[PDB]
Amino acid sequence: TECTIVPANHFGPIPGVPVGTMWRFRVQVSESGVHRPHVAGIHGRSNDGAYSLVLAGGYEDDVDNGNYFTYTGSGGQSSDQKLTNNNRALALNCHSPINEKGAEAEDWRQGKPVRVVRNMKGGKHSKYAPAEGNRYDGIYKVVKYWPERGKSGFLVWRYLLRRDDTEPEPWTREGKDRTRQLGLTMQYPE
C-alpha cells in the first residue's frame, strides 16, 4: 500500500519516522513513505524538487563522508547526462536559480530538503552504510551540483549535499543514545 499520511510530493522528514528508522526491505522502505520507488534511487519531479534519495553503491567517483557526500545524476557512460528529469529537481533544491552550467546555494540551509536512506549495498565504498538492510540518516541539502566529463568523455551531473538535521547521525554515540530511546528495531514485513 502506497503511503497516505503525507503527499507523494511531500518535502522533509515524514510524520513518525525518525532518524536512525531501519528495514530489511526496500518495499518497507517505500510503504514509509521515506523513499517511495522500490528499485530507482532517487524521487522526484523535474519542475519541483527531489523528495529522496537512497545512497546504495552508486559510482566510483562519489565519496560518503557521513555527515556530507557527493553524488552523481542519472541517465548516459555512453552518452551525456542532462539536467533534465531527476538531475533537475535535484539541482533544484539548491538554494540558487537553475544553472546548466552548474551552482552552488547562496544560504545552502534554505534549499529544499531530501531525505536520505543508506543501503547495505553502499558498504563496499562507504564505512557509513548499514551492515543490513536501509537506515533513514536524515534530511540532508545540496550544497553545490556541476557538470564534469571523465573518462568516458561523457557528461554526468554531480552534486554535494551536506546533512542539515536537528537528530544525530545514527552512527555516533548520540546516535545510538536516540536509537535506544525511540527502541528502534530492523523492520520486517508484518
Second form
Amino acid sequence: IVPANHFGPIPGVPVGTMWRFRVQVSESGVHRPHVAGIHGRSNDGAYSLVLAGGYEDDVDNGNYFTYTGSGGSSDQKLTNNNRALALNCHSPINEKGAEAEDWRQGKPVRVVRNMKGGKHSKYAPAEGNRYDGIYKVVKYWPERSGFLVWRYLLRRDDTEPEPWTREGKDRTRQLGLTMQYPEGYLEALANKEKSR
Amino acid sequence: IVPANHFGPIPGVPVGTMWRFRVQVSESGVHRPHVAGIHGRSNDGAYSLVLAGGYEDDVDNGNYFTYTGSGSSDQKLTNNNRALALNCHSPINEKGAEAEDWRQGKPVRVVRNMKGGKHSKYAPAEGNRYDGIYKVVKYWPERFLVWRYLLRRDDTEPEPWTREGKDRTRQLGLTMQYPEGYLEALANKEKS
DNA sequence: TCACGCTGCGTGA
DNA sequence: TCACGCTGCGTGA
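May I ask for the structure of the form deposited with the DNA bound now, the form deposited without the DNA having been displayed?
Starting with the chain above, the whole complex follows.
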C-alpha cells in the first residue's frame, strides 16, 4: 500500500472501479476513513473525499461539483478536515475563502461517488462506490440550515475519462471492471434459511 | 424460533451466553435492535434492553439496576419509553407508577455490554452477556427531564457473576462467541 | 418506504 | 488516550 498522507492516485485502482462497501474502499487505500466524508490532516491537505448526498445543496455536475465540510446545529470552523481540504487550493489559506491562481496546481483529491448520492446527483452509481478519479480545489467560501458552512468548488483533472461518458463507459467495459464484493459476502448472504 | 414480539427467555440461549458483538445478540433473538437500547412496541411492552453505560442517569447493582430512556431535549413517555412502562404491573401513568406484585409484570431480557464496566463491576469484561429476566418494579421522571425505571431480577437460573452462575458457564461450555472469520482475519491484521 | 438508534472502528490530534 | 464522523442495519411505524 502507500502512506496515509499520500496525495493522488492509488496505483492499480483505475478510474471506474466499484467496491460495494466503504471498508473495501478503505482497504483499497483510495479513501481510508470508514465513515468520514473527507480524509485529511489540517497541517497538510485532503487526500480523498466521498460524495454520498449528505448536503441538500452540494450540486453535482460531473466534472464540477460543490461540496460542504464537517462540523455542527452550530457553525462550522475552518479547522481539521475543513482546513485540510482548503489547503489543496493553490492559494494561501484564507479564513474568509480564497481562489486558485492556476487551479491545476492544487493538491490532488481522490473522489468516489456513493449510491446514496443519487438523491441529488445523476452521476451517482446505482450501487456501491465508484472511484471517479482526481479533482482539485478551485475555490472555497463560507455561507449560510441557518448556520455557517464551509463550501468548495471542485473541478476534475484526470487523464482517464469520466465513467458516465461514452469514452468512459468503454473504459469500464474494456478493463473488465465489475462491482467487487467482499470475499464471502455474496455467498454468505444467499443463506436466508431462518425459522418461519 | 419464537416471533420478534415474544416475551421472556429465548429457547436455547441459557443465562450467561456471551457474544462479542451486538449483531450476534440480534441473531440470537435475545435483543434484536443492533444499536437501540430497547426492543419494544408502544401498545405491547418491551422485550429486551442492553446496559452499555450510555447515560449519566444510571445505577447498576446487579440483581437490580435503574435504567434510562431515549433522548439535550426533554423526554416523553412515548414509543419505547411507553413500552417499558406497560411491563410494570400497574396501569400506565404519565406521572410514573409502581407495581403491586411486580413479579406479574411482563418479562424483560437483560443483556449486559462491556461498556458498562466503567460504572458497574457487574458488567462483563468483553463483549455481551445475557443475564436473565428482569421485571419493572417502578418508573418515574427525573430532572432537562428524563424518565427512569427500576428493574429487579426474577429468573430461576443464577447470575453469571456468582459462584453458582460461574459454575454453570464452565459446565455448559458457554464461551465467548465471535463471528466466523473474525479471529482469523484479526490475528492476520494483528501481526500485520 | 422512512427515520432512528446504549454500534463500532480507523484516523486525526 | 480522546475527537471525529457523507457507515450500515433491523427495527417499528
